[PDB]
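Participant: Here is what each chain is made of, one letter per residue.
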Amino acid sequence: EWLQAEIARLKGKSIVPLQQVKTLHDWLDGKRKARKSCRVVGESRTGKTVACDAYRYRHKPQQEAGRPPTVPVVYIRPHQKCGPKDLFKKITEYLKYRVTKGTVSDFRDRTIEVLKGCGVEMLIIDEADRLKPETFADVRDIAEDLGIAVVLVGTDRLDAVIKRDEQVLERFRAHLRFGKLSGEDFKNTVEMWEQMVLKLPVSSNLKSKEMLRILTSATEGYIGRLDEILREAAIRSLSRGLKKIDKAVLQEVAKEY
Amino acid sequence: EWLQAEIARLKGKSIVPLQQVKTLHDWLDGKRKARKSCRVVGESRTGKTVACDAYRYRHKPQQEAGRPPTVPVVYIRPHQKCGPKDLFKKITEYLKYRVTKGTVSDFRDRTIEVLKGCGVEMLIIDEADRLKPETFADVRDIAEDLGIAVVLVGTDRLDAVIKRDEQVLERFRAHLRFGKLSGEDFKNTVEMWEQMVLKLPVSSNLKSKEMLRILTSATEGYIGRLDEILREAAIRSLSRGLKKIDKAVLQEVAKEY
Amino acid sequence: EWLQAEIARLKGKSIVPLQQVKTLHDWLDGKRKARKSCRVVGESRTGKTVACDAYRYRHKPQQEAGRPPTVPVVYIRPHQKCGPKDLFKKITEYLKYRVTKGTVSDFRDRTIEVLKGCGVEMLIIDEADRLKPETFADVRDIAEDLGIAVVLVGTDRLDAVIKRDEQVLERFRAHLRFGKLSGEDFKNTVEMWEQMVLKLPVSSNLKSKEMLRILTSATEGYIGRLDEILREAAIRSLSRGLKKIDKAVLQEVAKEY
Amino acid sequence: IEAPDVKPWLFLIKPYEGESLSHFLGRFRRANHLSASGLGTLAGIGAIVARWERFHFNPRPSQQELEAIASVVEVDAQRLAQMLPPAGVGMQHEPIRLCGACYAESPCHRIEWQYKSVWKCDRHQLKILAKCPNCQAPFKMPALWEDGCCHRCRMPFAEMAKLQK
Amino acid sequence: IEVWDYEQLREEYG
Amino acid sequence: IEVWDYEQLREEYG
Ligand SMILES: Nc1ncnc2c1ncn2[C@@H]1O[C@H](COP(=O)(O)OP(=O)(O)OP(=O)(O)O)[C@@H](O)[C@H]1O
Ligand SMILES: Nc1ncnc2c1ncn2[C@@H]1O[C@H](COP(=O)(O)OP(=O)(O)OP(=O)(O)O)[C@@H](O)[C@H]1O
Ligand SMILES: Nc1ncnc2c1ncn2[C@@H]1O[C@H](COP(=O)(O)OP(=O)(O)OP(=O)(O)O)[C@@H](O)[C@H]1O
Ligand SMILES: [Mg+2]
Ligand SMILES: [Mg+2]
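Protein chains in written order, with PDB author numbering: chain H, 19 to 275; chain G, 19 to 275; chain B, 19 to 275; chain X, 2 to 166; chain b, 570 to 583; chain h, 570 to 583.
Hints are supplied without guarantee of correctness; some may be wrong.
Claimed, not checked - Below, in silico cross-link-like pairs of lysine-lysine (BS3-like), each with a Cα-Cα straight-line distance of 27 Å or less:
#, chain 1, residue 1, chain 2, residue 2
1, H, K150, B, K265
2, H, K54, B, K134
3, H, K114, H, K198
Unchecked claim - Derived, one-sided and incomplete: chain G residues facing chain X with beta-carbon distance under 10 Å:
#, residue
4, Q37
5, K78
6, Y115
7, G201
I should point out that these hints are in silico values taken from the structure, not numbers from a laboratory. Yeah, the Cβ is synthetic: ideal placement off N, Cα and C, and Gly gets one too.
Generate coordinates for the entire structure from the input sequences, incorporating the hints supplied.
Facilitator: Shown next as structure tokens:
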């Protein structure tokens, strides 16, 4: 069924090279060669996790016939109230080697062995504020011991955690911030999203003045909402046999937000 | 004894289709296919928990002789001050999976393995505000990691808890609200309850103006009160050898509330 | 429907260049470069708040790829019995940072960090007399510590509050005063409003003596009343199929004030 | 209350022909995420099962731990019995021998390789490894194998089969 | 002279 | 411009 094929697509995910994303990739590269640690901050729906993920994938791990994989970038995400053991365990799994059973000092010794030899240039920690305050001792330790850049990614709260300790604030003083959509940038996005993500047969033509008012109020500049809203509108719309997104169905969706 | 058979019936429980209930079932279905998380809000006697049951039962789990089941909908209720360990344990038990002692990270790894493979599309969490603030990290994690819609069900306080954290507010921004009975809807309900639930040989003829006044003042539109009150009135009334509900016996019951 | 288009227009809001407004814009600019604090005073319907917005909008925030917006002018309006945390909270939100849980010293230290880096030259506080007496300590502190001009806007009551404290009166001693319309200025305004705001086909000749008497008594020179009255008069008048404002219909409206 | 018309269950695996016991139990523990003590606990047979993973079998508790455990792994006592050397024969211990040539067919370990008399594979016709050819380390119990990867010297394990014979 | 719509100034804001 | 599917990157992963 043609309709079923299309609904499954719309329910999925994709990466669109937005203006905000291009900047981060170049900034991190600077930091990568310079081998310096830094942090990235911004509001929770700005798409920080995605920009950082897209980056990870542009540097495929490499493999020769003999030695272990060389893995320039490591991306991990902690659990809530992450302890010192939990951080090493995830780094070790990420790199495909598993050590089971021992004490904290053993996970640490083993983490430094897999981080060495195997080239690692950058470690990215998502939701950095899930880290328990003491774990930063182990994050600094690695950052200073090995020539590995460490990047901390998070919301404004992350800085509230960092500013409570001078030892950390100073290693991670440099920062980049993500912002929101506005003005001409919000409009250009909307148009890209229509052609690049929705793809209905009949042009729904949203950049029109009358329609942008609806979207602006509904989304308030967060790329997160903009995506959810236009996808929910094409899916609802197709389920009812329409060939485009109109004004009333868009309002029907926006009303629920 | 004929009379005893009848008292036992009245003492029990049943589900009556109502408009409130139908609305939810269709709304959730939208959300299920779209795979989007949401919340349901409303006052505590509107019958939210019961609508959720009625929903669960419309999708029979399937099972083959050897491999694991397919369970499209999972419904759980937390205990007060629910922690991260308590949530995983209840998810794992609801599927009749055998498990014992281990640490929090171990229940977490297990929760993702039983949620995977086993078709699960939606998770519904009742009494949602019993969750401790940190557990929401685990609720978001699942919602983002697995294509599972999470529905939070609760009273106005639920939103007071949610607004304390921007990370949660945004995943669960869309909502549906349950309301109270009024006007013609309260009147039609009362009538349904007489024909579909009470069933006395003597015919009550409740919808009468002078009787609805009694019930309206007594119940203030809550379906909860309406049910308890008419059932307490038929049981008391039968025990006294009457064949119908009159005005005085109804007032005798309502006076106690 | 032609008439409906017109009613919606009249129902709305606009800003008309006027002498009072231009005067302020130039005065503030002097103060902005000089970096000096001051206050703006005048009666409650002179249109102080509007001139201030008209000013804000002529200086749009600027944005680079990485760092926070550069924001030359910050405009805030306090709630009633505004405390020290309420002032910092609004300054911080205005610049689009999220405020999290902490104590008074934290809001203060954080406010000074976002006021730095982000170029800020002027802070405008509307309805200044909603401030609790102690908060003025924080308003002076900023004005003296950072090269930021602070402007206090308000009615004659503001000065009655300010004279209760020498320390404040003296930092904010310079002022500009808004007045009322009269003579040729009231007459020219009326005419501007007719050609620039009302635009009925007929041309109602308000500047005629017979109409100015009605408006003068009705408005007493406040730009606020003049606008409300002529808009209520053109809207009522159109609904009745007339294309100009006559004597009786204007008196019908004026009598209600 | 919990969902209707279901029974208690866990994740099952299928044995391969010739598969060894230590190996089998390891797959099982991994599929279901648990400790050996854990298996012993669901089972109610004590801590005794952990040394099975490193091939120590003083007994054949054929009607005790072994008849009983079938109910957890869903494999019958006899198929399970077959995962150990017949009473009186076989019984090798320290080196763990392997023929990587068969790994192209199925990752596994074949228990026959640990009977005392073996040094060659007849099915693939060749010298059996008793030690790693590159890093020259001995191998870890079949029971603890991960993804067919060598920690000492990562390779495809299967990729090693062109060499040594 | 130019006169501005009040909601337009809002829409064009930074 | 190139745009990527989200799961594709995983299918082509190192
Ligand atoms: N380049 C992009 N293309 C399409 N969608 C994007 C893009 N960037 C972000 N998104 C949207 O953001 C969502 C992914 O999460 P997001 O990028 O907000 O991570 P995040 O901002 O780090 O979240 P949080 O900070 O709350 O953990 C997706 O639902 C997607 O619609
Ligand atoms: N569809 C229905 N059919 C029959 N009875 C119903 C129905 N919906 C609600 N009720 C009545 O409501 C009661 C169930 O509790 P109800 O859902 O009203 O409160 P609740 O929302 O579960 O409370 P809380 O949200 O505080 O847990 C039952 O006793 C039943 O008589
Ligand atoms: N330049 C202008 N263009 C159009 N309308 C104006 C203008 N100036 C003032 N007004 C009218 O006056 C009103 C704005 O009042 P405003 O709040 O700016 O004065 P205020 O003295 O600050 O009032 P308050 O002291 O109560 O805050 C509007 O409703 C508007 O109709
Ligand atoms: Mg994220
Ligand atoms: Mg309930």
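Participant: So, for every hint listed, does it hold in this structure?
Facilitator: Structure-based check of all given hints:
no.: 1; hint: H:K150 <-> B:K265; in the structure: 76 Å, violated
no.: 2; hint: H:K54 <-> B:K134; in the structure: 25 Å, holds
no.: 3; hint: H:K114 <-> H:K198; in the structure: 37 Å, violated
no.: 4; hint: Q37; in the structure: 27 Å, violated
no.: 5; hint: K78; in the structure: 8 Å, holds
no.: 6; hint: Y115; in the structure: 7 Å, holds
no.: 7; hint: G201; in the structure: 36 Å, violated
When each numbered hint is compared with the structure, violations occur for hints 1, 3, 4, 7.
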